[PDB]
Every structure is written in structure tokens, then in C-alpha cells.
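Number of protein chains: 2
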Amino acid sequence: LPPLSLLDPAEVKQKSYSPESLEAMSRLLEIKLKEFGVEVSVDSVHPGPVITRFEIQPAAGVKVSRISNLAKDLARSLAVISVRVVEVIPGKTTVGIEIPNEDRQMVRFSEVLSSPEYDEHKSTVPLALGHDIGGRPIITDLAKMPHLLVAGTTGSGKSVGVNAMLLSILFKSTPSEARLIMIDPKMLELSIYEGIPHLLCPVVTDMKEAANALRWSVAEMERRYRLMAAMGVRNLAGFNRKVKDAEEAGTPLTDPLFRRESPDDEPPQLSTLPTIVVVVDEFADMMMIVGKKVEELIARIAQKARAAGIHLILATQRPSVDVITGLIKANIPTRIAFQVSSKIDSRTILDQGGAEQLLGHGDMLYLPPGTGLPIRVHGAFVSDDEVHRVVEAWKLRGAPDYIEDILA
Amino acid sequence: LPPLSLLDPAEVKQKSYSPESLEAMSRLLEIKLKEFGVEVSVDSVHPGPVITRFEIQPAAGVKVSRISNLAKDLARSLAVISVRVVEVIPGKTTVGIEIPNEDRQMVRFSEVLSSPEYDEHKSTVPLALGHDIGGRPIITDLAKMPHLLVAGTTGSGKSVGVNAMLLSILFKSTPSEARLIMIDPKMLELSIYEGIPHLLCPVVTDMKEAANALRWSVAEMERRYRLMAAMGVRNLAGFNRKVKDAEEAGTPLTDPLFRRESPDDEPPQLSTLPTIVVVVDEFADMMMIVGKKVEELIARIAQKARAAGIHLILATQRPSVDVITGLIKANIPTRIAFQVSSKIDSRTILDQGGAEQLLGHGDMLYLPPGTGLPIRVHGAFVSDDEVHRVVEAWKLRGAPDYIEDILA
Ligand SMILES: Nc1ncnc2c1ncn2[C@@H]1O[C@H](COP(=O)(O)OP(=O)(O)O)[C@@H](O)[C@H]1O
Ligand SMILES: Nc1ncnc2c1ncn2[C@@H]1O[C@H](COP(=O)(O)OP(=O)(O)O)[C@@H](O)[C@H]1O
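Heads up: the protein sequence lines correspond to chains F and Z, in order. If you're matching positions, the first sequence starts at 1287 in the working numbering and goes up one per residue. If you're matching positions, the second sequence starts at 1287 in the working numbering and goes up one per residue.
Hints are supplied without guarantee of correctness; some may be wrong.
Which copy is meant is left open, because identical chains are indistinguishable; a pair holds if it fits in one copy or across any two.
[To be verified] With a straight-line cut-off of 25 angstroms between C-alpha atoms, the simulated SDA-like cross-links for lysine to any residue are: (1) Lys1578 x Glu1508; (2) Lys1530 x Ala1593; (3) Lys1349 x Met1473; (4) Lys1681 x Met1517; (5) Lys1378 x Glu1403.
Rather than coming from a laboratory, the hints here were simulated on the basis of the structure.
Isolated chain F, as found in the complex:
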């Protein structure tokens, strides 16, 4: 299993904003808001790697909308590219304003995977997103999402974030614990992972083949459910316990779904199944080339795949109603949104405005399932070298075990 040593080190964090600096900006904020309609006062300051949040306490009678409404102008008066108004801060009666730091200090992938949360993570498919507005590492579980929709226009840092996602898997799981199906409608982005042992087939470039890989996944999903039913198990996890225990008890289990066709035929022995992850780099391109069936397959996978251990990672730079459709969205409750062109775009992916206010370069809004405000996360940066490195590391540890069956 490749060492975190392959990752570039955390660059000198030349941070720290003198108590005086922060206090100065605080008064400035107050002044500027005062110059416009609202009278408010800073309640507390929380600096971070990319932005600094100023929780302000609105004067009597002032409505939050008034603050949100002049985020464009406030930003200008402060000479910052944009400012993010967080209308509600749980438990407090304050509102928050996140202003971009003059010097954004970078977040290195190694700086995230080094956390104990990622280290002690028990999932086969953990996703280290980056740091929250306060510098703390945000580690998630793809298997609990249990599918992911990713959107971001060019320049937002979406591609890097996807690499961060893939590397999160590759730094924690072996091919027998997690397998991948990579669809790259543009022989660009994912082609750099060709050959790693986790791949179930080559990086899919032909869209017709990609459609088959999706069909294959539905079948593999159905087969697993059939298997688990016979085993008296509820999901891949339980299936794997059953099979492991059996092996630790010298009495290995045998495929219950085996059908004898000859007196010779012998039931093959069961082995642990890997968590399957299907990532489509630009699913709007797959939809465009192939048609309505891509959407239908996605919906079918996403509505039932969880318990079987098959998970979807769908990314696009075209967050429109035509691409992120009702069918696609239906059972993919978890959304990550990097910077997008407009509130409209933001709503398409997050069903809520905001992503348009992101700063680019990995700044994102992570929205897990259920009510709850999206979590702002400053994506970790991972270079093509760090990726190229981890790939070679894995190519050494094993050759590509393809199932040509899948793409046909």
C-alpha cells in the first residue's frame, strides 16, 4: 500500500493576522456596512486559510436580507473579489460574513490525509475534501453518501478535486477492497490513471462502451443482491464478514447461486467483494453522445446500488437543468459544488444559491443529505506529479486485472 511520503510537504504556513489587523478589518466592515443602509457590529472574528469569517450582530430591526443584498457592493468597498453572507449561525443570533484573505495560503493534500480522521477512517472509500473555513480537515465517506454529484465551471478546481477524491481511495484501499470504473468522455483527465490494478477495465473512452459499463454495473448490482439474499446478509459489509469468518473458521463458504450443469461442476468458493466506484468525468458529455439511456441507467444505479457496494461519482462543468436532471438527482442527495457561473447554476447542483460566491481554485460547498446548511470547504491541492507518483506506486504493486466482459 503506497506511502503518504509520495505527497509534497505542507509549505511554510506564513499565516497569523495580528490581533490589531483583525480588529482593524472589523471596524472597516462596520464602517462600510454603515455607509450603506445597515448598522451592525462585529461579534467575533475567525481567521482561516482562505477566508476569515466575521460574525456580526445586526442592530435592532435590521433584516438579514439587507446584508445579503449588498454583498456585491460591500465586496467592492472592501476591495475583495467577493464576500459570502452566511444568513444563519446555529445557536447564535449573529450573521456571518466571510471575506477573502489577502494572501490565501494553500492546502496541500498531504496536509489533509495526515489527519487522524482520515488515518483512522474505516471506510474503503473515504474522501478527504480539504479544510473547512477554520482550517480543520473534512473527511467524508462515499459509501455513506452514497453517490456524489460534482459541478464546477472551468477554473473552479473541479478536476483537481476529483483527483483528490481518487487519491483518497488509492491511499487507503487495495484492489480487493475497492475497484474502479473510470469514464473519461474527453481522453483527457482520467487517462492518467491507466493501468492501476483497481481498474475493472481500461479508462472508458468510447461512450457506447461507457453505456455498457453502466449496464454491467446494474447487472453486478443485481447479482450481489441475489447473492446477499441467499447469504442472509443486508449489504456488502455483512456479506464480507460472513465470508471472512468462514475463512477464519477453516470452513470457507461456497457460491450459493451456483447451478450444476454437470456431475463434475463444483461450486466455486466465495471471496470478499470489493466496493465498486464508478466515476464519470464529464457526464454531460456522456449524455450528449449516448442519449436518454445514460440518464436512465444512472437513475437505476443510484436508486438501488448502495447496499450492494456500488457507488457513483458524477462530475460536470455544465450544471444545467438539462444535465443535472430530476432523474439524475432523484437518488443522489449528496452534492459538491465548486465555483459556478451563476445563482441559477448554483441551484441546479445545490438546489440553493451560493456556489457562485465561491473563490475558485478548489473553494467548494459540500452538501450532505438532509436539511442543514452546506459546508464550505477549501479543496486540497494535488499536483499532477503527486498523482503520477501514486499511480506508478500502484502500478508497481500489481498489474491491471481487467474483465473485458464489462465493456462489451
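Fit chain Z with the ligands to the supplied structure of chain F, relying on the hints for placement.
Chain Z with the ligands in isolation, oriented as in the chain F frame:
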């Protein structure tokens, strides 16, 4: 390779606005805005070839929208045809107002290609657009766009701008470095280039044939990808290095995609491939005459053509939702917009208003991919003589090497 000597010389730049004149206009601006609601003060003045930008500092509490909102009236009070309000000036807290100079000084094509940016440009397909609002040359790379959408109503200077684009290629590349497919639904504009050696076929006039040219392009694209795969190369550039090195090392490469059909058949030797550029003068006409297939073909080309070295230049005077559609826009992120009839039209091409505020005669808004405000560019003027001249210069340097295969 034709000499830049064929281009008319830069006419006497009788510019210079006395420090007093500029200071007078500054106070005038202040006064007029004051006569209306807003109170502002000029922070700095930046004169240019076509307009002069006055960075103003809005008084406490005044919102940019108020300024933008009375650009129509301010223009009248200033006796200028229109005024452009730039709501955000990176890093500063000022707003900008671009007023048309009384005497617009022209920008000659020679005055642009003379720049070091164009001279030292390493691309086979550079595009010298013109001068920015400050008189500086704007040189771009079609290959990095990697496709271009151009819109402008009659009188905006779109035709001249396209000629400027074509001449940018013709002044830097030979037929073996760059080839062209010209579709002219109106046997008008592009017919003046007939015969130049770069043409892969005659200037396409029949739309049915044009459709085939597009089909041919998809095929050529597919073939190149197949080629590059076999070569272990990522794109046309890498392909050409491989083949060039081979030649410089006396051991030339041979077509890996060659299939022997006879013991005689011998693998043809590989030669460097040209960057292909397909320009459609009025793609709204092609769509009208041919149908849904034009759009589908465009989308197919634009979604994958980059790495293979094939690039699209699509222009139209009809920037409507029916023409610049989602399919077309899908993978053509780079947009150039000359003056258009309305904000609606502007949004159709730029997904943003503004192009309606342009001054005509080559005034444009160049929008490269990603976030970022469009770059206003005063397009260089190129006469029919300068074009006629560069054509003849090339017709002498070589005869038209057509591939009749393409149009059928
Ligand atoms: N997390 C990050 N931190 C700092 N810079 C980043 C980060 N993610 C991306 N970038 C910068 O942005 C550029 C573009 O990122 P990329 O992921 O390729 O964007 P997209 O594919 O969405 O256009 C990179 O070249 C890199 O310098
Ligand atoms: N860059 C430019 N600078 C100065 N004048 C220009 C420029 N581009 C065009 N013009 C003027 O505008 C006229 C129309 O330009 P043209 O490109 O044919 O417009 P369109 O085809 O969009 O109607 C030309 O006859 C020329 O005098």
C-alpha cells in the same frame, strides 16, 4: 512565408489629450452624475485609441447598480453615443466608466502583428484580435480556446474581424502546419480566399457538402486519436515531436495503423500533421439549410477535437437562442462578441450583457474560458486589399492541394 510588409502602415497616431482636457472631462463626469442621483469622484483617467476609462470612486453608500442604471442618460448628457460601466476593477474599490473619444483613432492590423507577443508566438494558429482599451495588443491562441463562437450584427465589424483571424494564421503558418476548411453559406465573404494552399478543399458553398466536410472532420479526428493512441502520444503536438525526432534520427516512423492486404503493401511513412481549422462564416445559415445534423456534428467536433488538432471558428449575425444553442455552446467556452442589437442578444453569445454597449467598427468583448470579466478589444482593421494581397502572396508560394474526398 509572406512578409508583414504587405500590410498598410500605422497611420499618424494624432492622439494625446492634454492633461487639462482629461481633467475637464473628469469634472464634467462628476457634475453630470451629480445632476442625477449619484455623487462620485474621478480617481484616475486612462485614455486609449477608442475610449477613455475614468475610474471613479463612488461616495459612501452609493450602489454600483445606480451608476449602471443611468448609462443611457449619462451618455446623452455627455453627447456620446453610449457609455460602458465596468462594475468591478480588480483590487481597487473603484468603478469604471468608459467614454467614447471624440476622435477614434484606428487600429491597423500591421500595428498588431508587429507586437512581440505575436512575433514570438509558438502556436500554429494564433489570433491577433486588436488592442485593449489601453492600446496594448491582444494576441490569443485558437488551439487553447479550443474553439470559438463569434457573433455580431451587420455593421459591427465581424467580417473584418474574421479576416483578421484568418490573416493571423496565414502570416505565421505554412500549409503543412495549418490547414483550412472554409464554409461560406453566402458565396460572399470567404470566397476571396479561394486557392490558397492551406485549403483542404474549395471554399464550401453547397451546404450539403459543408455537412460532409463536418463529417469528414469527425472522421479525421477519430483517425488521429487512433493514431496517437498507437504512438503513445497525448496530442497533435506530441505526435509531431515523435515523428520529427524520428526523422532527425534518420529512422523515420511508419504508420502503425497500416493493414497489409498484400505481401507487397509497404507501410507508408509518417509525416507531421497540420492543425486543422474549420471556419463557418454564417453557421445560422448552414443550420437553416441543412438541419439538426449541423448542430449535432458541431457538438461532436467541439467535444473531442482539441487534442487531435482540429479547431472550430463559428460566426453569425443572428445571435439567438435558436442559433447559439446549448448543444453548440456545450463545449465552445471561448466567445467573441462584436456589437449586437440587445442585452438579450449579448447574453445569447456571452451569457452576459454588455455586447449591446459596444461601439461597432470592430469594438468587441472577448470572453476566454472560466470566470473572469470579458476583455474589451478594439479590433484591428484589415482592408480587402490587405487580404487580397496576402492571398496572392500565398497563391504564388504554392498551389491548392485539395482532398476531393472531403466534400463527398
Ligand atoms: N485546491 C486547490 N488549491 C490551490 N489551487 C488549486 C486548487 N485546485 C485547483 N487549483 C489551481 O487551479 C488550476 C485549475 O484547476 P482544475 O482542477 O484543472 O480546474 P477545472 O478542471 O475545473 O477547470 C490548477 O492549475 C491549479 O493551479
Ligand atoms: N476594426 C475596425 N476598425 C475600423 N473600422 C472597421 C473595423 N472593422 C470594420 N470596420 C468598418 O466597418 C465596415 C463594416 O465591417 P464588416 O466587418 O463588413 O461588418 P459586418 O460584416 O459585421 O457587417 C467596414 O466597411 C469598415 O469601414
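Worksheet item: What hint numbers does the structure not satisfy?
Response: 3, 5
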